[PDB]
Amino acid sequence: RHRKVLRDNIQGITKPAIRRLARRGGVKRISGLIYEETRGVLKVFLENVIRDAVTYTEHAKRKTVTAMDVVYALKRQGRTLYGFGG
Amino acid sequence: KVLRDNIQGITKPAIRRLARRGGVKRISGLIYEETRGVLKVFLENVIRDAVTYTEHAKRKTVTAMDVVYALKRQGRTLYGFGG
Amino acid sequence: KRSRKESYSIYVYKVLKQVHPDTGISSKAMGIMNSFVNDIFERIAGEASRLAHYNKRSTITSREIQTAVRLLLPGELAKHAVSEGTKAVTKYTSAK
Amino acid sequence: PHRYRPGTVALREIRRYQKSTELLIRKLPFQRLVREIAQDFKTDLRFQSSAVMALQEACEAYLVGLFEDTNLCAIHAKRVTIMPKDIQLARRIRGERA
Amino acid sequence: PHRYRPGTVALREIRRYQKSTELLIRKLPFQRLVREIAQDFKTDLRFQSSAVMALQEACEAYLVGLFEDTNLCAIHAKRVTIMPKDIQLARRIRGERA
Amino acid sequence: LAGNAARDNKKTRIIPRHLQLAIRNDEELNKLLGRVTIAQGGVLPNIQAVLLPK
DNA sequence: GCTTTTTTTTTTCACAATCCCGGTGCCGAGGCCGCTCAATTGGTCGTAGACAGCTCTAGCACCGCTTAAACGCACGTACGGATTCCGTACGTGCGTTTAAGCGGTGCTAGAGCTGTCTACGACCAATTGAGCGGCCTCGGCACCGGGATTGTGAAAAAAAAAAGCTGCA
DNA sequence: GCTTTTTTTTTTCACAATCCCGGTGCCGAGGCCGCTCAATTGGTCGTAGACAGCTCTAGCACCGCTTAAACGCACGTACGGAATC
Ligand SMILES: [Ca+2]
Ligand SMILES: [Ca+2]
Ligand SMILES: [Ca+2]
Ligand SMILES: [Ca+2]
Ligand SMILES: [Ca+2]
Numbered sequence: 017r018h019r020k021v022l023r024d025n026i027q028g029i030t031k032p033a034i035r036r037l038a039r040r041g042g043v044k045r046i047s048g049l050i051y052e053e054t055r056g057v058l059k060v061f062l063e064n065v066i067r068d069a070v071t072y073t074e075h076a077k078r079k080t081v082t083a084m085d086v087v088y089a090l091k092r093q094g095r096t097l098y099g100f101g102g
Numbered sequence: 020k021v022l023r024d025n026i027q028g029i030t031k032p033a034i035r036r037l038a039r040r041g042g043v044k045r046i047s048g049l050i051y052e053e054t055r056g057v058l059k060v061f062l063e064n065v066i067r068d069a070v071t072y073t074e075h076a077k078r079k080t081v082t083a084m085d086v087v088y089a090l091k092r093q094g095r096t097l098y099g100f101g102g
Numbered sequence: 030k031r032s033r034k035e036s037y038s039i040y041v042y043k044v045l046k047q048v049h050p051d052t053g054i055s056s057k058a059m060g061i062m063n064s065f066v067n068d069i070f071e072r073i074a075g076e077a078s079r080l081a082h083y084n085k086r087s088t089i090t091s092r093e094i095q096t097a098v099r100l101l102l103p104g105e106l107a108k109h110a111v112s113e114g115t116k117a118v119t120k121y122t123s124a125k
Numbered sequence: 038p039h040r041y042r043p044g045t046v047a048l049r050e051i052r053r054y055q056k057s058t059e060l061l062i063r064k065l066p067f068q069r070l071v072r073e074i075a076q077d078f079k080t081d082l083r084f085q086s087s088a089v090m091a092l093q094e095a096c097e098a099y100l101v102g103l104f105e106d107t108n109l110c111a112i113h114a115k116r117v118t119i120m121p122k123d124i125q126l127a128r129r130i131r132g133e134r135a
Numbered sequence: 038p039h040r041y042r043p044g045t046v047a048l049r050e051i052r053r054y055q056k057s058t059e060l061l062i063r064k065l066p067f068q069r070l071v072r073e074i075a076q077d078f079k080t081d082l083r084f085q086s087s088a089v090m091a092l093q094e095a096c097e098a099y100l101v102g103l104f105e106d107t108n109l110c111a112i113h114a115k116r117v118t119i120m121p122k123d124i125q126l127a128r129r130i131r132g133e134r135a
Numbered sequence: 065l066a067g068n069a070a071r072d073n074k075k076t077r078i079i080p081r082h083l084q085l086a087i088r089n090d091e092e093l094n095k096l097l098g099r100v101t102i103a104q105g106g107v108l109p110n111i112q113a114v115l116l117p118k
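Chains P, L, R, O, K and M are the protein sequences, given in the same order. Taking PDB author numbering, the leading residue of the first sequence gets 17, the next gets one more, and so forth. Taking PDB author numbering, the leading residue of the second sequence gets 20, the next gets one more, and so forth. Taking PDB author numbering, the leading residue of the third sequence gets 30, the next gets one more, and so forth. Taking PDB author numbering, the leading residue of the fourth sequence gets 38, the next gets one more, and so forth. Taking PDB author numbering, the leading residue of the fifth sequence gets 38, the next gets one more, and so forth. Taking PDB author numbering, the leading residue of the sixth sequence gets 65, the next gets one more, and so forth.
Mixed in with the good hints there might be a few duds.
[Claimed, not checked] Keeping only pairs whose Cα atoms sit at most 20 Å apart, straight-line, the calculated EDC-like set for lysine to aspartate or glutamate is:
(1) 56(O) to 90(M)
(2) 44(L) to 81(K)
(3) 79(P) to 73(O)
[Unchecked claim] Far from chain L, some chain R residues (derived; all Cβ distances over 10 Å):
(4) 50
(5) 53
(6) 60
(7) 61
(8) 63
(9) 64
(10) 67
(11) 88
(12) 105
(13) 121
[To be verified] To give a feel for the contact side, a few chain O residues facing chain K, derived at Cβ under 8 Å:
(14) 106
(15) 127
(16) 130
(17) 134
(18) 135
If you are wondering where the hints come from, they were derived from the structure by calculation, not from laboratory data. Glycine included, every Cβ here is placed at the ideal spot set by N, Cα and C.
All chains should be built: construct the whole structure from the sequences, respecting the hints.
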């Protein structure tokens, strides 16, 4: 339906951005091997959080993941999130 | 001595044995007190909740359930005492 | 006298004799199996309770249970768990 | 030609970003990555924009905090450079990972 | 005059205790601790026998588990000997103490 | 507490960051909201000792 | 090449731990007994939610210019880690001491169970105002530029610590 | 105990970065409005649980043996970590 299949967007999570997140965490010096390892971690976070949201969607029969889908999913992973409803 | 600090009843030998079952080889001397500290906070937290249960149920006898229910709240779910 | 406290034990025993008809079981072991069943029953019902609640529905149905189970058990175990809960309902419907 | 000593700018960045709260991942790259991953589980899905923002808030936070744990883990082994093994210990003690 | 080198009984003792399931803390001392600590929240409390054993399974379990994580931190600092700073780090990362 | 961190930041209305600073700097509130994430909140100024210059 | 040391390797002996035999006896899994209540049933009634149809939100695509950020490479410093080496905090194994453990008896607090009675909460319908969505405004706040202030780093020069170099005793 | 350098410390400017103000402008916090549907009133009925009374369970105290475990001390090896590169 008017083109939607996705590319390889994990490299979109650039070394600049991983470096900035490490900076917020008060990290001073970063090894070469962090950035790829970080993307693995990030991917596995997102895979788990979206699987569960996507479930809550498929149950309510929708084809549109709501913020509440993501909220309910995050509370499930013990990662309660404030300021998007619920 | 030998007087009313029951925490000390938790012997070095027994602390050694735990950390064994936990794959520990060589044990610093300072650790047996650190362990003792940590154990108390653990019991304080669990027992406070278990007795909070007890006082609500209007009883003077702490049940094994009261503990079970406490340990669930602390996220330390325990099987085989009434779960 | 002496209270009358229910438990899943007579069923834990029945399943055991399906999977291993000559092996037995201790009271501490049967206490862990009773702790195990009650634990997950509360897990699956609570996640169904909420599912239903999030979708403004009054009834927990077998569908809520099956969505709760995708959520609670890990991939390969959810798969058999659905497969068995589906099959049991089909068989139950089929009978009457 | 003036040149800042290695660490002096890292330390500035560290103060720059701790003071702030704006999201640190580029919003479209992240959005494309949400959508890509979601295909695995169901095709031709729409996301509310708030659902995608809620996901980048929950992600950045999860990593930013893992990087704290990870930094302690570097320092615990008398280092200053966080290494893969640092994350892995952080995650193994958290119990995110066998 | 037979003399086993440092750490060689340790390993025996590890293999030994990991094979077994029996409480490692002496039951009476433990119990005397449980009543000492219970007082600070309510006086003249009675305990079911099984309440104390529920408390002692739970304690050792926690301690054993914490020691695994402690060992891991100590090995992470290229060391063999666990020390308080190992416990404290594993607790910092468990989110047990700030 | 939010409003004090609001005032201390030299602003009239409370925003996420004020709430966060108020929650994380307060011992008990932070325990109560220990496994809770505040969106557009950020982190408390914290830099480990050994990471500083000599 | 030789001899002369450290280090590495191999070989031999000591000792726990396991597994194979022989056994016994205790205690609770197991299963039967005899009562009871919780599962089952067909009936009746009300509304949850399937469904289908309707509205219109908001999610998705596409474009083209602007410029902030990512990108990749040159350059060198401080970091990580290997190696060495020293002091002692730990582990091991003795003999001496301690109190847990066990089995038992005796007392009673208090857990829990039964029946009675009514204060309190569900439920209902009628009543109405608190709080919903809508919509309009003007002041806080985001962004900017310019000037003041703070902190870093190099370069020059000092203060000192440490190193390499002495004769003596 | 020196004479001769490296190591560490100090002081002097140059320069970048961050800080703080007022000015400017846009938009969403705040609030008023008018209408709604959910909270309130006042009523009824039924039962959940408080309560007194009695049962007997299992928790506590105590005691007197028999060890197994804790204890304290001698001794030294392998470890932690300082120092160098
Ligand atoms: Ca035999
Ligand atoms: Ca030393
Ligand atoms: Ca009573
Ligand atoms: Ca409004
Ligand atoms: Ca206003």
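Quick rundown of the hints versus the structure:
1. At most 20 Å may separate the alpha-carbon atoms for a hinted pair to count; residue 56(O) and residue 90(M) meet this at roughly 18 Å.
2. Only pairs whose Cα atoms come within 20 Å are accepted, and residue 44(L) paired with residue 81(K) is rejected, the gap being roughly 42 Å.
3. Between residue 79(P) and residue 73(O), the direct Cα distance comes to roughly 16 Å. Compliance with the 20 Å bound is thereby established for this hinted pair.
4. With 10 Å as the threshold on Cβ separation, the claim that residue 50(R) sits away from chain L holds: the shortest Cβ distance comes to roughly 24 Å.
5. A cut-off of 10 Å between C-beta atoms confirms that residue 53(R) is not in contact with chain L; the least separation is 17 Å.
6. In this structure residue 60(R) is not separated from chain L by more than 10 Å, as the shortest Cβ-Cβ distance comes to only about 4 Å.
7. The non-interface label for residue 61(R) is inconsistent with chain L: the shortest C-beta to C-beta separation is roughly 4 Å, within 10 Å.
8. A beta-carbon of chain L is positioned within 10 Å of the beta-carbon of residue 63(R); the least distance is around 7 Å.
9. Not every CB of chain L is more than 10 Å from the CB of residue 64(R) (nearest about 3 Å), against its label as outside the interface.
10. The Cβ of residue 67(R) sits about 5 Å from the closest Cβ of chain L, inside the 10 Å cut-off, so the non-interface label is violated.
11. At roughly 28 Å, the least C-beta separation between residue 88(R) and chain L is larger than 10 Å, which holds for a residue marked as non-interface.
12. Under the 10 Å C-beta cut-off, the non-interface status given to residue 105(R) relative to chain L holds; the minimum distance is some 23 Å.
13. Listed as outside the interface, residue 121(R) is consistent with that label: its C-beta sits roughly 28 Å from the nearest C-beta of chain L, beyond the 10 Å cut-off.
14. With a cut of 8 Å, the hint placing residue 106(O) at the interface with chain K holds, because the nearest CB-to-CB distance is about 5 Å.
15. Because the smallest distance between the Cβ of residue 127(O) and any Cβ of chain K comes to about 6 Å, under 8 Å, the interface hint for this residue holds.
16. This hint holds: residue 130(O) has a C-beta 4 Å from the nearest C-beta of chain K, less than the 8 Å allowed.
17. Interface restraint check: residue 134(O) against chain K, minimum CB-CB distance 12 Å, threshold 8 Å, status violated.
18. At a threshold of 8 Å, the smallest CB-CB gap from residue 135(O) to chain K is about 13 Å, leaving the interface hint violated.
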